[PDB]
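K.L.:
One-letter residues, chain by chain:
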Amino acid sequence: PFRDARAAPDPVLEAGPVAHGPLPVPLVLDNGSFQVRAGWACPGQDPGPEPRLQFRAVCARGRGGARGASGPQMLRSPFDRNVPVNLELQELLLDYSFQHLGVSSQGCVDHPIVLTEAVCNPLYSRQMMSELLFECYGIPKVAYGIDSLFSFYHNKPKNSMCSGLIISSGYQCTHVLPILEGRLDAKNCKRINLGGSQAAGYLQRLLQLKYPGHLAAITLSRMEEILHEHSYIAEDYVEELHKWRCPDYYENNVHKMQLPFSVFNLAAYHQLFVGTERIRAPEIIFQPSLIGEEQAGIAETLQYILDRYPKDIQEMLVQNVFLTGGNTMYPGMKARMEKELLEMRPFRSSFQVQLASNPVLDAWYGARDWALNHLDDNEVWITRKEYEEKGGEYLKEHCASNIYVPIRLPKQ
Amino acid sequence: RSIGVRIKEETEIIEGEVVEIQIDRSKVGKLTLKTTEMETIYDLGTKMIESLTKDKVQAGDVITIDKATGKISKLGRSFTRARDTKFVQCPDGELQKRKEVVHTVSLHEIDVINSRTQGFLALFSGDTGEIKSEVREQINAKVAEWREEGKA
Amino acid sequence: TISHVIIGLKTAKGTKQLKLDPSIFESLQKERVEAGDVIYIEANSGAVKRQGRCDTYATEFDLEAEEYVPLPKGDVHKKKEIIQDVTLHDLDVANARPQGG
Amino acid sequence: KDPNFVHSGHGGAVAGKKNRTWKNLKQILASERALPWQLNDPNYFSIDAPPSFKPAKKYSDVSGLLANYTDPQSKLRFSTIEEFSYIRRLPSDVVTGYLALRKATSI
Amino acid sequence: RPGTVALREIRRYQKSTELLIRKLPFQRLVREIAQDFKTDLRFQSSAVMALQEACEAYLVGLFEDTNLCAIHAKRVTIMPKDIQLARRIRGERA
Amino acid sequence: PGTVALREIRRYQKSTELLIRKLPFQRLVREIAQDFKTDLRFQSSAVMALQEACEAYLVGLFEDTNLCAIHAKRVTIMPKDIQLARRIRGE
Amino acid sequence: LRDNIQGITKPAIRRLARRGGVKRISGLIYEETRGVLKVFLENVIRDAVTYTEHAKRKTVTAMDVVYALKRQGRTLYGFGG
Ligand SMILES: Nc1ncnc2c1ncn2[C@@H]1O[C@H](COP(=O)(O)OP(=O)(O)O)[C@@H](O)[C@H]1O
Numbered sequence: 007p008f009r010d011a012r013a014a015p016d017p018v019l020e021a022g023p024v025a026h027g028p029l030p031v032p033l034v035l036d037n038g039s040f041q042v043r044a045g046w047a048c049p050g051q052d053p054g055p056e057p058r059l060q061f062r063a064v065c066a067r068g069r070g071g072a073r074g075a076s077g078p079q093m094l095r096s097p098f099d100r101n102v103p104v105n106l107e108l109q110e111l112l113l114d115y116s117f118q119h120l121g122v123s124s125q126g127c128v129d130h131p132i133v134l135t136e137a138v139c140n141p142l143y144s145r146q147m148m149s150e151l152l153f154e155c156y157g158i159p160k161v162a163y164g165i166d167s168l169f170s171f172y173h174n175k176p177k178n179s180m181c182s183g184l185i186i187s188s189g190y191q192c193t194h195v196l197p198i199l200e201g202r203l204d205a206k207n208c209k210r211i212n213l214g215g216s217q218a219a220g221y222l223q224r225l226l227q228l229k230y231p232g233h234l235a236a237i238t239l240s241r242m243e244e245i246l247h248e249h250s251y252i253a254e255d256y257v258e259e260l261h262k263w264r265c266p267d268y269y270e271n272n273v274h275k276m277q278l279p280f281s433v434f435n436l437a438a439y440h441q442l443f444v445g446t447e448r449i450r451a452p453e454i455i456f457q458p459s460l461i462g463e464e465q466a467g468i469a470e471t472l473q474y475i476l477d478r479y480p481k482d483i484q485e486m487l488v489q490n491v492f493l494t495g496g497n498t499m500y501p502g503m504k505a506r507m508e509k510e511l512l513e514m515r516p517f518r519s520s521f522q523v524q525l526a527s528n529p530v531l532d533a534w535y536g537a538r539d540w541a542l543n544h545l546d547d548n549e550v551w552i553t554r555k556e557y558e559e560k561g562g563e564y565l566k567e568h569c570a571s572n573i574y575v576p577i578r579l580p581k582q
Numbered sequence: 125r126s127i128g129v130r131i132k133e134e135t136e137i138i139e140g141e142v143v144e145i146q147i148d149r156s157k158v159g160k161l162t163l164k165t166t167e168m169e170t171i172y173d174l175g176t177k178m179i180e181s182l183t184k185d186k187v188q189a190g191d192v193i194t195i196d197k198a199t200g201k202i203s204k205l206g207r208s209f210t211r212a213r214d222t223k224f225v226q227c228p229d230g231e232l233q234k235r236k237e238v239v240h241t242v243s244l245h246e247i248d249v250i251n252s253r254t255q256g257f258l259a260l261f262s263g264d265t266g267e268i269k270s271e272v273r274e275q276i277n278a279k280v281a282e283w284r285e286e287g288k289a
Numbered sequence: 153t154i155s156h157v158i159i160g161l162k163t164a165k166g167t168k169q170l171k172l173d174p175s176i177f178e179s180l181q182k183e184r185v186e187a188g189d190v191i192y193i194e195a196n197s198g199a200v201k202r203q204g205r206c207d208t209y210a211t212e213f214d215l216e217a218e219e220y221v222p223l224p225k226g227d228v229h230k231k232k233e234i235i236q237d238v239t240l241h242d243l244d245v246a247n248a249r250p251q252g253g
Numbered sequence: 120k121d122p123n124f125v126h127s128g129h130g131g132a133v134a135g136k137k138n139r140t141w142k143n144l145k146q147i148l149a150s151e152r153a154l155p156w157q158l159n160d161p162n163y164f165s166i167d168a169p170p171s172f173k174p175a176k177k178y179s180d181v182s183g184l185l186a187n188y189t190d191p192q193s194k195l196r197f198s199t200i201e202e203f204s205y206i207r208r209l210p211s212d213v214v215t216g217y218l219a220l221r222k223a224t225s226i
Numbered sequence: 042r043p044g045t046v047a048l049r050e051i052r053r054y055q056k057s058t059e060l061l062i063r064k065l066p067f068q069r070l071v072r073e074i075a076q077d078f079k080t081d082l083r084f085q086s087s088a089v090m091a092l093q094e095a096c097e098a099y100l101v102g103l104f105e106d107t108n109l110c111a112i113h114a115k116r117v118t119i120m121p122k123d124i125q126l127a128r129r130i131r132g133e134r135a
Numbered sequence: 043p044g045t046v047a048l049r050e051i052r053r054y055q056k057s058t059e060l061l062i063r064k065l066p067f068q069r070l071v072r073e074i075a076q077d078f079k080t081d082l083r084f085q086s087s088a089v090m091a092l093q094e095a096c097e098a099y100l101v102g103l104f105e106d107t108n109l110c111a112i113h114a115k116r117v118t119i120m121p122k123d124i125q126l127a128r129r130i131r132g133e
Numbered sequence: 022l023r024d025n026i027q028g029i030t031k032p033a034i035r036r037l038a039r040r041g042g043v044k045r046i047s048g049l050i051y052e053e054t055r056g057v058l059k060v061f062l063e064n065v066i067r068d069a070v071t072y073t074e075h076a077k078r079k080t081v082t083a084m085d086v087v088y089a090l091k092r093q094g095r096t097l098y099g100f101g102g
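Chains as they are written, first to last, in PDB author numbering: chain J, 7 to 79, 93 to 281, 433 to 582; chain D, 125 to 149, 156 to 214, 222 to 289; chain A, 153 to 253; chain I, 120 to 226; chain Q, 42 to 135; chain M, 43 to 133; chain N, 22 to 102.
Worth flagging that the hints you see were computed from the coordinates, not collected in a lab. Do not take every clue at face value.
[As the list claims (entries may be wrong)] Straight-line Cα separation of at most 30 Å, DSS-like style, residue types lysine-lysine; simulated pairs:
hint, chain 1, residue 1, chain 2, residue 2
1, D, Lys288, D, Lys236
2, I, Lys136, J, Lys581
3, J, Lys581, I, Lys137
4, I, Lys177, A, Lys162
5, D, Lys160, I, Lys194
6, A, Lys225, I, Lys173
7, I, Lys173, D, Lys160
8, J, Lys175, J, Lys160
9, N, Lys59, D, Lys164
10, D, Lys132, A, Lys201
11, A, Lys201, I, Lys177
12, I, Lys173, A, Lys230
13, I, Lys177, J, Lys229
14, D, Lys157, I, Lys194
15, N, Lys44, M, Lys56
16, M, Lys115, M, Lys56
17, D, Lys184, D, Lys204
18, D, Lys184, D, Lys234
19, I, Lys177, D, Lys164
20, Q, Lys115, I, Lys142
21, M, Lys64, N, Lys44
22, A, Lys165, A, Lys225
23, J, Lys504, J, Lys481
24, D, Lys160, M, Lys122
25, D, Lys204, D, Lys177
26, D, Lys288, D, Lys197
Bound-form chain J, shown alone:
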């Protein structure tokens, strides 16, 4: 059968840690349309033991006058299309995270922080986010970067001017990130508007249409079992759905987990047979025309960005295709990706596909190991005295982070 989810962890702490040399340990925080992930950096230790608040970033409140329902225990979330675009829920999300991390004594957030932002972040959203971060929370200095570049910075061979493609996936997007000598080539980076939410919503809608006996019993929190544990991505899609065509393959390979139980009962508590369906929700990022929506998908975007470039700079970067975030958790992902890439490389040419050491957590460990090294790069971090003149759109172009564009925003 299905399991069910679990909640109410013990992230209860004293007001904060203290470490040798400069005393203020930085906070490391990831945004996330699926889940937020956070912690104190734990500097001077490599085996960073306790990331905390690894929680589904969706909230409510008790409208009868009870409590703010920020943490784990209809619903709203502070992100749209992977960019934060909210205040009235973003506040109680950050307050909840800061309660469990601890604040040292009073009505200001004492320690410096590193925080994730979108592959490109709309100028106004950084303005609103920095305005919350400095008007309300009052942090002394702040750093920004991308989950994908942080998880790459974690998985690099060396702390050097490496180059590659980063392939990223998550709730409402996947992005292809051409990085040249540590610099994101933002003029020819691309994204597809599909990923985890679309795959889960699609797998739901398939089972809603295929099994009209159980229409309220199936829900996204049950789709996540079959999506993250029973599904796999094809090595070649027409080759997998071809071998599903014969019943002797089907009945042996099909997954068959019962609904939660109380005519041989399964007409009410069905095994919800999935065979091609446990491939279709994975394929969405490769063929978005499995949904209605026309976009190139990962294979044609990967080809499209490469033919922007001279043939030598292709060969020296395609040596590091890195897989990270979200849907890259599917079993068989590397074996699909390297086949789709072999089909479009020059005939004898070499390439290598690298999968993250932990495709969900490595963004935090990347930002952590980054902050542990860049701790006193006082030119890199956005300092509170810089936000005292810079309007909140501002960014500084440090390694493993987004590209600033010189610009100014009217606000009153």
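Assemble chains D, A, I, Q, M and N with the ligand onto chain J, guided by the hints.
P.N.:
For chains D, A, I, Q, M and N with the ligand alone, coordinates are given in the frame of chain J:
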């Protein structure tokens, strides 16, 4: 003439009653086909559009389409459209069948196909004469490898 | 105008670009070849054959008079030493009468 | 205790027919167009991937097997003889569902 | 809890050959309307329940036309003026 | 100005004769009859009974399309207003 | 030639529209109307011929079409029957 070569080949063949056919002024158009057990609509391509229109295919015909080649064979009309000759029932099973055809050619009948800019006319008309022995020296050796690569 | 034609090729093993002699491109046009066809080029002889339309285009129309073939699983490019046997009689025949041409 | 006891008015109002939320994403990528953007910029309008260059494959709605066929009545796409017998029994409430799941010619 | 999945109604009231109006209130509705033409009426159970089947089918048939009228008139919301269009173009509101 | 068409409405509503040209209508009637079946030929009264039924039917369609556009808060008709006027009639 | 139903002229369709009381007419409406006008004869001439084919006459009478119009629910006066 009296030693045969035998081969088998697989063909995508479409067969059905044409329910409706539509065309426009490049070109685009739409076709529908029926068996006793299914129906479809289809987007046609240009080389089909020219074939269906050249051969005056009309709603209520029962037809075979050689999908690899664009050739149309018409078998008759459906009995329910026999009003206003040959009349026939719709095919059974699905529309598009990957039929296997076994075929045989006499070893000499390969010589005559090889002899002229079109060979097969000389097969029937008797113009085959003094067929060049170096051509047989090749064809016998070619068939001797098809025999053992297993393709014939 | 036409010094050469660049042609791009793909198989499940990779890709190449080739620089065709205009006599070979005249043969591509003889075979009515277009982008998305699957082609065999015999570069030592100038033989050219259309195998079929590539099956990535098999949904360009639901029903059209082309045969579609899977993207070749073989290498883009293949080499052999080959040894040709020809008799003096084959020369005496093939050069005596005007060829069919 | 609270990370702050008092807070700014970031753009959402106290009262009015006006929002308590800031501008939603659709208004952001509209209003951002007035700025002095250039052909070299990291502009968020430019990052959405191009349309597919090849024509899209067809897979049967009800089972995901490769579809050779489309029904004249419902306009769904199907693979096999028993699937054609199956689809003709389905209620319009799921037929429109499969069509909407692929933004079909009737939405 | 609140404000989600209105299709909870779509997925309940059309799973079988059910009727949506309760029987006792329908049986006391029709009789008052009937007697104005001619009084002293008595009714077969099989007569009264043959009315409701036609009524609910006709109401459903109106609403099927009605939501497309709203969509054409630039709305997701059906409103009384959609019925003013539909029932007159079918020739019945005349 | 762009509105004195409202005087055409009143003129063609005062008028009650048939509006399509008899020869074009008769040619179309015959062409549709002849590709349907062989040697069908029409008395003038049959072509007139056809044309009166056609033009009354189209006046009904235009009245129905008017109410669809008025309901859509328009002052203009587009082919979509006719396609509602068909589907709402069940045509 | 003008046999493409365009022989039902723009101003004639527009005059039917004006008797029908409609204001601004978009330029695709004439052709959409010609589509309806064909389909009305694909009902009426077709069934009228099934009444002509009751007697199997060469002449279509006003009766033959009035019977088709009667079964199609659009009865007509002045011709009788
Ligand atoms: N298992 C998962 N399933 C779905 N999405 C996930 C999963 N793990 C991580 N993500 C995705 O990671 C994406 C980007 O990285 P994330 O950790 O959330 O940081 P950020 O949004 O700031 O870039 C998000 O869009 C989120 O949905």
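K.L.:
Against this structure, judge whether each hint is valid.
P.N.:
Right, here's what the structure says about each hint:
For the suggested pair D/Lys288 and D/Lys236, the alpha carbons sit about 18 Å apart, so the restraint of at most 30 Å is met. Our distance criterion of 30 Å between C-alpha atoms is met by I/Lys136 and J/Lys581, whose separation comes to about 20 Å. Taking the CA atoms of J/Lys581 and I/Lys137, the gap is near 17 Å; set against the 30 Å cutoff, the hint holds. Under the criterion of a C-alpha separation no larger than 30 Å, the hint pairing I/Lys177 with A/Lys162 is consistent with the structure, at around 23 Å.
With a CA separation close to 13 Å, the supplied pair D/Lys160 and I/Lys194 stays within the 30 Å bound. In summary, the hint linking A/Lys225 to I/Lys173 is supported, as the alpha carbons are separated by about 20 Å, within the 30 Å threshold. Only pairs whose Cα atoms come within 30 Å are accepted, and I/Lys173 paired with D/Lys160 is accepted, the gap being roughly 21 Å. Under the criterion of a C-alpha separation no larger than 30 Å, the hint pairing J/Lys175 with J/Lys160 is consistent with the structure, at around 26 Å.
Using a Cα cut-off of 30 Å, the hinted pair N/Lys59 and D/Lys164 holds, with the two alpha carbons roughly 27 Å apart. For the hint linking D/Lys132 to A/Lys201, the alpha-carbon distance of about 22 Å falls within 30 Å, and the restraint holds. Proposed proximity of A/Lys201 and I/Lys177 is supported: the alpha carbons are some 29 Å apart, at most 30 Å. In summary, the hint linking I/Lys173 to A/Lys230 is supported, as the alpha carbons are separated by about 28 Å, within the 30 Å threshold.
In summary, the hint linking I/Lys177 to J/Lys229 is supported, as the alpha carbons are separated by about 19 Å, within the 30 Å threshold. Restraint check for D/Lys157 and I/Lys194: the C-alpha separation of about 22 Å stays at or below 30 Å, so the hint holds. Our distance criterion of 30 Å between C-alpha atoms is met by N/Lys44 and M/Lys56, whose separation comes to about 17 Å. Pair hint M/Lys115 plus M/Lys56 holds up; C-alpha atoms about 27 Å apart against a cutoff of 30 Å.
Restraint check for D/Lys184 and D/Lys204: satisfied, since their Cα atoms lie roughly 13 Å apart, inside the 30 Å limit. Proposed proximity of D/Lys184 and D/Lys234 is supported: the alpha carbons are some 24 Å apart, at most 30 Å. Taking the CA atoms of I/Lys177 and D/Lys164, the gap is near 20 Å; set against the 30 Å cutoff, the hint holds. About 24 Å separates the Cα atoms of Q/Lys115 and I/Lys142, which keeps this hinted pair within 30 Å; it holds.
Taking the CA atoms of M/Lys64 and N/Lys44, the gap is about 26 Å. The hint holds against a cut of 30 Å. At most 30 Å may separate the alpha-carbon atoms for a hinted pair to count; A/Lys165 and A/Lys225 meet this at roughly 7 Å. Restraint check for J/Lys504 and J/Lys481: the C-alpha separation of about 24 Å stays at or below 30 Å, so the hint holds. Proposed proximity of D/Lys160 and M/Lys122 is supported: the alpha carbons are some 23 Å apart, at most 30 Å.
At roughly 18 Å between alpha-carbon atoms, D/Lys204 and D/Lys177 fall within 30 Å of each other, so this suggested pair holds. Between D/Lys288 and D/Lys197 the alpha-carbon distance is near 23 Å, which keeps this suggested pair within the 30 Å criterion.
Consistency with the previously given hints is maintained throughout, with no hint failing.
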